[PDB]
Amino acid sequence: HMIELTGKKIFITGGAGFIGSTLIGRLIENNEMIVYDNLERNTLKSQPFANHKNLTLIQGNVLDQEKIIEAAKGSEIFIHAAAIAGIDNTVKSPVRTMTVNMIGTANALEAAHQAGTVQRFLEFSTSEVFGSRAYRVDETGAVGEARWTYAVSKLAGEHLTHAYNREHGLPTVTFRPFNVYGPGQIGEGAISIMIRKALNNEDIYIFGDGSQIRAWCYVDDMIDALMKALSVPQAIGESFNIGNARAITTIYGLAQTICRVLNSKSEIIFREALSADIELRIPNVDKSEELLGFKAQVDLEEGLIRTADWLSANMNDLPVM
Amino acid sequence: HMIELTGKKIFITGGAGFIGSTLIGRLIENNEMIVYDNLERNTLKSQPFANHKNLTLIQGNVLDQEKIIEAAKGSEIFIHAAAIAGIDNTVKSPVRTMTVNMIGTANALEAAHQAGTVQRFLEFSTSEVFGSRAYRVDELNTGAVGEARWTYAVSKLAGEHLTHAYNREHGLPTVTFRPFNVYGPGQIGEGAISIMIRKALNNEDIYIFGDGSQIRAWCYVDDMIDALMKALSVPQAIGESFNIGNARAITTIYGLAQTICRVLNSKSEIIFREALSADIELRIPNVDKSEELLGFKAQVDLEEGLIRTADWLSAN
Amino acid sequence: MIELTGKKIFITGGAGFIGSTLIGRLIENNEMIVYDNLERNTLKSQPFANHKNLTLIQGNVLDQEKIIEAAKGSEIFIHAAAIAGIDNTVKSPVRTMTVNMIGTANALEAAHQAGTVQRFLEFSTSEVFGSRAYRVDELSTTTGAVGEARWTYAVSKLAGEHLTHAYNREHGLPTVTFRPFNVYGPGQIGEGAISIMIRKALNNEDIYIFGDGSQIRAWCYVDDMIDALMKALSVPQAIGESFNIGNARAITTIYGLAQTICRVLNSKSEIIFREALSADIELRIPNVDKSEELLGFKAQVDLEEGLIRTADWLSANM
Amino acid sequence: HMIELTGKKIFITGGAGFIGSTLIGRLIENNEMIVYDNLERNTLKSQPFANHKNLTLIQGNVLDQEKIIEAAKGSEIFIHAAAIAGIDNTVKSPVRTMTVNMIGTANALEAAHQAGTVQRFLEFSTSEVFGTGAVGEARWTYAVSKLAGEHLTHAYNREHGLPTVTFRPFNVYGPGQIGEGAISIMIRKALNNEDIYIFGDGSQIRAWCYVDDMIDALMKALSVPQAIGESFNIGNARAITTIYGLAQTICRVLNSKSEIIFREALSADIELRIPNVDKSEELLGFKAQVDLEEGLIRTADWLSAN
Ligand SMILES: NC(=O)c1ccc[n+]([C@@H]2O[C@H](COP(=O)([O-])OP(=O)(O)OC[C@H]3O[C@@H](n4cnc5c(N)ncnc54)[C@H](O)[C@@H]3O)[C@@H](O)[C@H]2O)c1
Ligand SMILES: NC(=O)c1ccc[n+]([C@@H]2O[C@H](COP(=O)([O-])OP(=O)(O)OC[C@H]3O[C@@H](n4cnc5c(N)ncnc54)[C@H](O)[C@@H]3O)[C@@H](O)[C@H]2O)c1
Ligand SMILES: NC(=O)c1ccc[n+]([C@@H]2O[C@H](COP(=O)([O-])OP(=O)(O)OC[C@H]3O[C@@H](n4cnc5c(N)ncnc54)[C@H](O)[C@@H]3O)[C@@H](O)[C@H]2O)c1
Ligand SMILES: NC(=O)c1ccc[n+]([C@@H]2O[C@H](COP(=O)([O-])OP(=O)(O)OC[C@H]3O[C@@H](n4cnc5c(N)ncnc54)[C@H](O)[C@@H]3O)[C@@H](O)[C@H]2O)c1
Ligand SMILES: O=c1ccn([C@@H]2O[C@H](COP(=O)(O)OP(=O)(O)O)[C@@H](O)[C@H]2O)c(=O)[nH]1
Ligand SMILES: O=c1ccn([C@@H]2O[C@H](COP(=O)(O)OP(=O)(O)O)[C@@H](O)[C@H]2O)c(=O)[nH]1
Ligand SMILES: O=c1ccn([C@@H]2O[C@H](COP(=O)(O)OP(=O)(O)O)[C@@H](O)[C@H]2O)c(=O)[nH]1
Ligand SMILES: O=c1ccn([C@@H]2O[C@H](COP(=O)(O)OP(=O)(O)O)[C@@H](O)[C@H]2O)c(=O)[nH]1
Ligand code: NA
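Residue numbers (the authors' numbering), protein chains in the order written: chain B, 0 to 138, 144 to 325; chain C, 0 to 140, 144 to 318; chain D, 1 to 139, 141 to 319; chain A, 0 to 130, 144 to 318.
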């Protein structure tokens, strides 16, 4: 049945983070929202709505199976967003990435299952699941091994999610965002770095031959998809790739786009890459269109400008090298 | 890092089962051995060394992280054999298969890591990991049996992934060991070879379910044990994954039935019947690395191994 | 749609094994022209070799002018001329590629210019699908002589399929692509594994298994293949389609095949492993469900029965 | 075994088109050159060396087996460039595409073989080889017709010892041709601040090779003995980009005010993987020197002047 996103108890693991903070902003006026988060990151505390009457912060680890079961009782929409995704974090501690992502998802599924009240379980996976298949434990550089580690940790969570769907009829939705950019993101990914350089006409360096592919999704597009995924009955039992087919580019092509759209004079320079990466193919987004009725509306030019606007407005809150 | 397999403290999760019991038989005279098993199966009890002074049985679940950490203290060789591999059980409860295999393996690795004394950690995976890449979680529609086999395969592959992480991050001296299906004396068994030998010996009909073209790879018990001894000892095993079996003992089900009936001089008829459930197609992996690095090459082919198995089955 | 009586039939490679066999079934009711260079000649040994309805033209499919001329007025055009040479002592990839690729082009063009063709049936091979997993620039002692010759054969047939498709799409030539699994049965001695192992088994001679014996081969009994052929040549929904023609129950390993042969024929032959003479490649066996659904074909002769029929023919003919 | 590209008898099928004209321009001063072309295209007749004393034009079809065999007699370098290529030509007929490319290569190979004198046979293939309207049909047809030519080339090398090189250029661009490709149209539009249309989601990859790099690669392949029996991907690893990315690059590099606008494609995307170019560096000592920025500017300069 269609779910109306008002008057619901919404439980969000990882809810202190970027995506979770964003979704809270959008739903908190009309719903009780409980964040379950170990505050490894805390985007949420810096929002207007951090102290809303409808908002609860439970500090907890998804690896604590007992605590997540209790905290999730009565919840009607369960959103599982807690994870470790950082490449450098994964180089250093692959065990923590694997464990948090695989066992955390098991634990979240079990909590949702035991609650008995969950009308939608939404599991955040990742697009790199697709590319990951053409590599092997048996068989790249530190970056590549860490990206593989991340991807397979998320794939294992999808497998668990499927088993709960099949065995228990848990109403699951697997949600795989392309890399999200936009206002709100502080971060040190290519878009935020390159916009910041371009705005000041600083040199932009391309590590490698610049032909590596990255797909993006603008923040507001990802959120619109998420509301559909959380609501429409056709999402249940289904997996979705969430992004913009028009926002798939090479890193060199991204640098040219950003400099062009911002009227930047930045010079773009080729450097040697610091580590070999693995090449992953970008998945198709048609099923999101077909079943969620979702088609991304914010193309790169618009998205990059809106992002550059927010970065300039908020230029006192980061620094990098 | 050549390990001599005497005078060691050996800890074996799932040690009450078929492979654990069999390996204990070979090591118990010269080693302190600890079994950690919840006794879903218990082959060990039927053995004559069940009550050896060198043997301790700890009844516990690999999901009980505290208990397994404690039980594994001081262990010098850690063998993780506990798992759920049953197709019918995995049909009924895929969550239990995934949980026991993935989380049980996580807990086993953590217990080995925490012990600090482990010289070799050997994790039992499964050959179907290789086939499983052909399929997609969001594509499954496979039949019940095929979805169950896939579920089992991916649960094992997650285990391998965890194992890799511990090796890379903490230097845990790991070996991933993927046995082809094991047959021979000591498995009374329930899979095709055991069933088909028993039928053939009494000239009963052997029914082939579906088109008979499904591939199964096999390994004779003594070959698998030999490989395991190499994997537990030899320094080249550390950080590697091995497919353990016999490249001459890969056959179709129809082919297997023909082979069993010829070799045993059976008068059984072999008769086609409808399949009960669709299954997944799995490619069999290469066993070459096992020769190169462990010095292991299986010596018992099907003709010899089927006869040895039938002799045992008749005598019992 | 097409009733296989009163038709003008033109068959390249008609002197060969499958061509000969098909001629037995149609020659009573159809005018048939065989276009063949007689590199092989099964036809000359058959009772109908000199039938009033049969005309032989000794010609090469690489002689573009002759085949166009010879094919004039044909209503059913069957392109069966091909070579393989996978296991041959003297490897000739050029011969295989030119005969199969260009021979197919010249046949298609002969069919197209006659204007009269209602059905064009091209023989391909099941190996075309697996072939895509290998790359021409990455062929090694990985591949071996037999591997490379099997790849040569497969890609020469795949090119023929592409040609056939182009003629279908551009010119509306009514084409059918027919991919027989390896055919065995009465009518020829043969040099394949079934023939060789049956002859050994009948004399209790040792059977040797090259490599590890786990190589898979799929087999189709001759009568089943001819039944599929008759349906492909007639039924309307065959046009513009490709078919994998086999028996799902006769897909086995070479060792399992040996064991089956010895058991079925009550032989005392030993079966012994030996190192392979040459490295081979691995090619997937495609699914046959569409053939059943669209042609209404399902193979009815399983290996036990087929091996007995074959062995009886071999014993009576030697 | 290193071949010196002077004083040779060079036979080029398809020598009247773009790449053939270009190569003739570099070699005609110092070699006897025979062009074997049916003149479906004829860039050559526009060139100052069209009537050079060292150039003989034979107007012929690579489908005429006996003629090409005769014409190629005594040839020391055999360059097989004859093909139905460019969507303008290939869209016309899948049959003609498949036939000229596959059979034409077979015939070229047989001509080189029968000559007995060929020290290098260079076969042009296409980078699409290892990737449903008339247009998608003609591209697929082109790709497999070229892959079939690679197969025949292999067979000849293996069986007869023919000293073959399979040469697979990325899409060639640069001065000396208005052109028909994306770079051509997009630069023209950009130079006029004319809006550029992107059909589909614009994610389609295209890799490029600057004409002068392609020619430098071709010279190495024709001479260096390590080229024999090999297949090469010839292009610039830094000049792989999406169609949308290319449009952004052209507009920025040329300071254009063109808008880049998405439009509908009823066609389905072809996700071609782009091959690796390392072997060319290792074996030919070839690495592309003209990157996109520089190439686009030289292209724009030529287009402007003309
Ligand atoms: N943002 C993207 O571009 C993107 C792309 C692909 C996938 N995703 C996935 O979407 C989800 C949300 O992403 P995000 O960008 O908001 O990331 P984020 O890091 O901002 O949010 C994740 C949150 O999880 C919390 N957390 C980490 N470990 C935890 C643990 N053990 N127990 C409890 N909480 C824990 C962190 O404190 C953080 O607030 C994640 O699963 C991520 O992998 C995001
Ligand atoms: N026998 C084979 O042919 C084969 C093939 C492939 C893989 N393997 C793997 O090798 C290992 C050993 O195989 P086996 O044939 O001896 O299996 P088995 O079933 O005989 O032994 C496994 C043992 O694990 C125990 N166990 C199950 N769940 C447990 C849990 N939660 N906690 C503790 N103990 C638990 C069972 O009681 C049983 O004794 C397993 O990992 C299996 O998947 C075996
Ligand atoms: N028999 C099989 O198991 C099998 C399997 C797969 C595909 N096929 C294909 O089916 C078709 C027929 O097979 P078959 O078993 O009858 O083979 P076959 O060799 O018995 O018959 C082919 C005929 O083509 C003739 N021929 C060869 N080259 C010629 C040329 N250049 N010009 C004219 N005639 C020429 C031969 O003389 C022969 O009579 C062939 O295309 C073959 O590739 C057969
Ligand atoms: N230009 C590129 O970017 C590019 C890219 C990949 C591959 N290639 C290949 O490189 C080679 C040259 O490319 P190009 O751009 O110079 O092409 P082109 O079309 O300019 O040249 C092909 C030439 O072959 C001739 N020709 C066509 N059909 C013929 C026939 N039947 N007999 C004889 N001659 C015939 C044409 O008249 C023309 O001069 C071709 O083989 C082409 O497939 C080119
Ligand atoms: O200024 C920059 C930032 C990033 N990159 C490259 O662009 C890709 C995307 O980097 P990002 O930081 O977005 O993270 P990733 O997607 O690799 O995790 C990687 O190959 C980076 O090396 C680059 O060349 N220049
Ligand atoms: O008498 C028998 C026993 C098994 N099988 C088939 O042989 C395969 C192997 O079955 P087994 O019991 O060994 O277990 P599985 O490997 O399928 O888990 C399956 O397709 C069974 O259906 C069969 O056709 N006849
Ligand atoms: O006595 C024999 C005959 C054949 N083969 C193997 O069986 C397979 C099929 O052989 P066949 O002669 O039918 O030809 P192919 O299909 O290899 O072209 C090949 O791997 C052969 O090496 C074998 O092991 N023993
Ligand atoms: O300004 C342009 C030029 C090309 N294309 C796309 O790229 C395809 C091929 O363009 P190109 O001119 O490179 O064609 P080719 O050289 O392959 O014949 C077209 O069908 C369009 O989908 C486009 O969208 N905009
Ligand atoms: Na001949």
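These aren't lab readings, by the way, just hints derived from the structure by calculation. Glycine included, every Cβ here is placed at the ideal spot set by N, Cα and C. Hints are supplied without guarantee of correctness; some may be wrong.
Said to hold, decoys possible - Label pairs and their in silico Cβ distance ranges:
| no. | chain 1 | residue 1 | chain 2 | residue 2 | range |
| --- | --- | --- | --- | --- | --- |
| 1 | C | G145 | D | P237 | 40 to 46 Å |
| 2 | D | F274 | C | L38 | 40 to 46 Å |
| 3 | D | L38 | C | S279 | 48 to 54 Å |
| 4 | D | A133 | B | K91 | 53 to 59 Å |
| 5 | D | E306 | C | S279 | 23 to 29 Å |
| 6 | D | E306 | B | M1 | 57 to 63 Å |
| 7 | C | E138 | A | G73 | 58 to 64 Å |
| 8 | A | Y209 | B | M1 | 49 to 55 Å |
| 9 | C | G145 | D | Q238 | 26 to 32 Å |
| 10 | A | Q118 | C | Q301 | 52 to 58 Å |
| 11 | A | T5 | D | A133 | 40 to 46 Å |
| 12 | C | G145 | D | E3 | 38 to 44 Å |
| 13 | A | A146 | B | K44 | 55 to 61 Å |
Verification of the hints:
no., hint, result
1, C:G145 - D:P237: 40 to 46 Å, "violated, 33 Å"
2, D:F274 - C:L38: 40 to 46 Å, "holds, 41 Å"
3, D:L38 - C:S279: 48 to 54 Å, "holds, 52 Å"
4, D:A133 - B:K91: 53 to 59 Å, "violated, 38 Å"
5, D:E306 - C:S279: 23 to 29 Å, "holds, 28 Å"
6, D:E306 - B:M1: 57 to 63 Å, "holds, 59 Å"
7, C:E138 - A:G73: 58 to 64 Å, "holds, 60 Å"
8, A:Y209 - B:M1: 49 to 55 Å, "violated, 39 Å"
9, C:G145 - D:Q238: 26 to 32 Å, "holds, 28 Å"
10, A:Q118 - C:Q301: 52 to 58 Å, "holds, 54 Å"
11, A:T5 - D:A133: 40 to 46 Å, "holds, 44 Å"
12, C:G145 - D:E3: 38 to 44 Å, "holds, 41 Å"
13, A:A146 - B:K44: 55 to 61 Å, "holds, 60 Å"
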